[PDB]
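Only one chain is shown below, in structure tokens, and it's the form deposited in one PDB entry.
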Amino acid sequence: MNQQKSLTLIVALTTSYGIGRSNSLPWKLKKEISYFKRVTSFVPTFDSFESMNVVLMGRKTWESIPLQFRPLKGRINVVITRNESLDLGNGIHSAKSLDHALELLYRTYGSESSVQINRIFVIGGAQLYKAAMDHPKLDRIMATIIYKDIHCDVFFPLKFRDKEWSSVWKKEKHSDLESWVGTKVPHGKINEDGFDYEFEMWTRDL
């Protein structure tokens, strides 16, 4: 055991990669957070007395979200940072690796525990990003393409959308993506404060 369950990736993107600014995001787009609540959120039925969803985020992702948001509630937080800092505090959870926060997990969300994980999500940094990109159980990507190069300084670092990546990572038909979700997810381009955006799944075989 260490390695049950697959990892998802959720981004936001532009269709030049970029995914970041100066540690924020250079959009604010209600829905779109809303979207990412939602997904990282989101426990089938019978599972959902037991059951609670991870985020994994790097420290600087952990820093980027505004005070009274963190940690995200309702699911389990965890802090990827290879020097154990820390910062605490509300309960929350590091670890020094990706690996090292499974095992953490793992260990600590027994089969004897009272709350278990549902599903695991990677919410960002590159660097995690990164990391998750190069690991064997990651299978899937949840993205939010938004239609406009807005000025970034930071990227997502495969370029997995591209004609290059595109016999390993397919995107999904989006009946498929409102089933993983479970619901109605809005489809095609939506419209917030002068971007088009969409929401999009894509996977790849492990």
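C-alpha atoms forming the largest set that superposes within 1.5 Å between two forms make up the rigid core. Numbering follows the first chain given and starts at 1. What changes on going to the form deposited in another entry:
Here the rigid core is superposed between the two forms, and of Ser22, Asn191, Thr183, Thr15 the C-alpha of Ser22 is the only one to shift by 2 Å or more. Relative to the superposed core, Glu63 undergoes a Cα shift smaller than 2 Å between the two forms. Once both forms are fitted on their rigid core, the CA atom of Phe46 lies 2 Å or more apart between the two forms.
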The other form holds:
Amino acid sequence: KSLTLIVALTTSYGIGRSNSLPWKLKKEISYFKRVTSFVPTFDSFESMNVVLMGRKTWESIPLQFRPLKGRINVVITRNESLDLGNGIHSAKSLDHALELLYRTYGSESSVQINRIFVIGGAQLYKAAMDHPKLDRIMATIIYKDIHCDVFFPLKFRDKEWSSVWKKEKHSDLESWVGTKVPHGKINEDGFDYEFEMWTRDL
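For comparison with the form deposited in one PDB entry, please write out the form deposited in another entry.
The following holds one chain only.
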């Protein structure tokens, strides 16, 4: 299957700032939660989405929300000297993770994978962007100048990338996520942001 990447970035492609949780957004995280958790419901088997994340992202999730509930969590660590729990998967790279997933949630598993999301960080976003299977980007554009030291690795919303990465209509975004979404800029605590969906032909 295809890989989807989900990210909240500023206009200048800034992903993270100097402190922890540089941008505080309860309605925006709720969107992250619903998109990453939305699955169809079948009577004979269980459907779950997978979230792929790097070790720093894993370590950033408050304890009461970790592992991400109702989703299959996979943490990418090379020097795996991480004490992960029971039910949490770990892989050395993204291709190794995909390998483990198709071997684990196969034909005989009662748990079947729905969608696969790459949730960061920037080293994992870099690897995904280079993956033949990445064809969609779920992006939340923050219309603010936050000091960031970490940027998104490809300026996919720029002119330079327009014949490769296309911004879908709002209605296709709503159809993919399975819910109507507010159009235009949303203000949340002095922050203006907008939801977008970009795809690439494979």
